[PDB]
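This document opens with one chain alone, in structure tokens, the form deposited in one PDB entry.
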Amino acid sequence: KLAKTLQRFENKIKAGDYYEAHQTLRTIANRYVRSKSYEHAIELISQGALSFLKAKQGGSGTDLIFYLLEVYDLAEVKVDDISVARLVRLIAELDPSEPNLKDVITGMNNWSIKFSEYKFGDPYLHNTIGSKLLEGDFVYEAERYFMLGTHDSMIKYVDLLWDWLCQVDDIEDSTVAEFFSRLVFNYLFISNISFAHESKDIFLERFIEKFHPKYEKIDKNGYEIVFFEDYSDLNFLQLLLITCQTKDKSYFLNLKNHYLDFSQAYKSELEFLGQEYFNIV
């Protein structure tokens, strides 16, 4: 029966009878839902959304995605490889220009929050929706999702900031620091020290190759600091990482005492790190 329903549906799609295809699919889906045949509903709605999107019918496609997500909630669909896979497949067909692209993405992230152990959403899903958001010109949301994503997301996050920096045709220390500091602060906030170090390295490596600033590498006990002669803010930011790692109040205080200005510019961030790593209220 379901196979027959999908066959008739696809036939209407091919004939260009979008309205009828849409109307009939929802009616049948409604029936499955009333019967509590959620798996049947999910398969029908999911394939329907995909068909409309591939046919460039964004309106009907996203409409069914919202329907899919509501049933995911109703059916208490747990976040896992299979449930996420359906969404990832739909995202691949979403035109970054869809008027309601953002709402579709929010719905997907919200479901992954509600039915997973992740307070801010599934990291794997984040890697996918983050790139879609960037394509749709939602840069701050892309950043947030990449920050809360996977290792591949960390690489994409560095590319985002790197490409953005190269966009502004400005290499003043204060400007380069506006980009670099986001990698340092965000990864420190979620305590992913390994990501902080890797992103830091990629970003600085690229900055060096591109602009060839005056610098000298300082290596001690397995740690390295790229001392820039004309980018003191970058020096300070690199030292922040190691300092939080020590969780030593004295070093934190010593670092800030030496970089008074930067400590004022990043006052709010440092206050948070103060409580997070040094237990300073």
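Rigid core: the largest C-alpha set superposing within 1.5 Å between the two forms. Residue numbers count along the first chain shown, from 1. First, how it differs from the form deposited in another entry.
- Looking at CA displacements between these two forms with the core superposed, a shift of 2 Å or more is confined, among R34, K214, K217, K247, to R34.
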The other form holds:
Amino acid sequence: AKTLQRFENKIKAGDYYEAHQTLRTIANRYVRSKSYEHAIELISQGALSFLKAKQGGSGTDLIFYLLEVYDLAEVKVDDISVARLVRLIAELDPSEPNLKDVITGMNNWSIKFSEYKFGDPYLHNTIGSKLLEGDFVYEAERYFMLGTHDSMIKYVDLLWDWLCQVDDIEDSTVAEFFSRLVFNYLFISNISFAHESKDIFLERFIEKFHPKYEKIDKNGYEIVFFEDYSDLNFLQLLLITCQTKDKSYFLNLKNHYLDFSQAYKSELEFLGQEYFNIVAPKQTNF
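Output the form deposited in another entry next; the form deposited in one PDB entry has already been displayed.
Single chain only below; no partners, no other molecules.
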């Protein structure tokens, strides 16, 4: 508590090298004597005030130092572990030259010390948002896809806002965005998110573009049938089809929509494998 003051004195004074150097040698001593919680609090607090002071380089360096200690002390992914990283990600300038390196560092620690192949979902929720601030749209998409329920909300917004930015909208335009929710959530077998994000997205589409449609309902399932958006019908049917795991429905569906089958060739081959155990490759219709 006492050397945190001497430190943030040196930071108000703009003595950045002294602040950095002093904190590190003091942090070393805590690591040396295996007082990891002390090093963790000192280092992360240090990183935070460099970032608040717009000293990207030194704050970034201290984030890597934190991750080094996290690794050393075998700090498991939990709420407290992750919140330190979330608090730090908040103060990162989206423009930091090593943003992606820092993100990869954080994510990689969360892979090593949890049972998630691709990292902690709650962490991914925050990383996603940062990436989007830097206009790193495709990276944000991935992290949201692998995130929490909040991430799903943010993902729909990301895609919805993007579609609205498009100057010359079209029949095939809406599907380019909508298909991304259906495919991505089908790929990770989150049927729930698939359905919920489809509903948010289609409602917004209806309320803004006033397409001609009628809701078709059978045994608690609903297709919003669009008179002018075949693509959108196909995509909704695709989701329900995967749920049934019935190869013949999958085949029927593809046989009816020959063009969409070609357009989504590789996506459909994968879904056929994941949901229907189809070993046979896609025979190319054209």
